[PDB]
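Only one chain comes next, encoded as structure tokens, the form deposited without this ligand.
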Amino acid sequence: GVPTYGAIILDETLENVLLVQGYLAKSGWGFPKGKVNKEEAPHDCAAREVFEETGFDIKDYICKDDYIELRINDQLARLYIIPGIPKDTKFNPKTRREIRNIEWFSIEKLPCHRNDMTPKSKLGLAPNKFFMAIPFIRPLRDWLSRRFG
């Protein structure tokens, strides 16, 4: 798998995160991110994907050491952490064939796992519209705890 790069944007209170909603296979909510182009540096990919999906430019705010990275089915996803972006910021995707909507969510209200179906004696997990975001939530809470307290 080709690696993906993007950002976790937080507001000034550190309470809220910016998610984007896609279409079809990507119909639910996730952090803004996408696949790296040939010979493109990780920080340049993250700024390009975030600007395409939100219309906000992170280039002057990226810190090279501040990121969460996960490997999911042998594909690497690295999201740079960008705190302190005001909630009254005007966001507008470029790529509206790809992005349905953009919204702020409370970090403490987001799920960090999907629910089983043990009440139905059935295997697997119940659908959840935050499925693409969920793997990063626990690592994000732990990162904010260590850096800020």
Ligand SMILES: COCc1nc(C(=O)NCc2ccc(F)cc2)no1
Given for the second form:
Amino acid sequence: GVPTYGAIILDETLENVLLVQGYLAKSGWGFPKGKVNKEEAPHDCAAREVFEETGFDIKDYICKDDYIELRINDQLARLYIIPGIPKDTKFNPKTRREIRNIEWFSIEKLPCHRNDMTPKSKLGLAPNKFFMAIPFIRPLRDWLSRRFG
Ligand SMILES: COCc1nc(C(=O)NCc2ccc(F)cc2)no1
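Form deposited without this ligand already given; the form deposited with this ligand bound follows:
What follows is the entire complex, opening with the chain shown before.
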């Protein structure tokens, strides 16, 4: 799987994260990220994908050791953590053929797992529009505890 890079952008209170909503297979909400190009450095891919999807340039705020990285089905996704971005920042994708909407979400209200269907005695998970974000929520909460308190 080709690795993906992007960012977890938080506001100044550390309460809210910035998610983007795509189309079709990417119809739910997730952190801005995308596939690394041949010979492209991780930090440069993260800034490019984030700038293409949000219009916000993270390059001057990226800290090299501040990221969460997950291997999901043998694909690596690494999101650089970018705190302190003002809530009134104007975000605009380059490509509205790819991005429907861009919003702040309260971290404490985002789920960190999908719910089962044990009310229905059926296996599997109910749909959740935050599916792609979910795997990063607990690790992010733990990372913010250790880094900030
Ligand atoms: C069931 O898994 C498929 C799925 N993927 C997604 C998804 O990535 N949404 C966020 C997003 C990130 C970057 C973009 F450019 C566009 C959208 N939502 O559902």
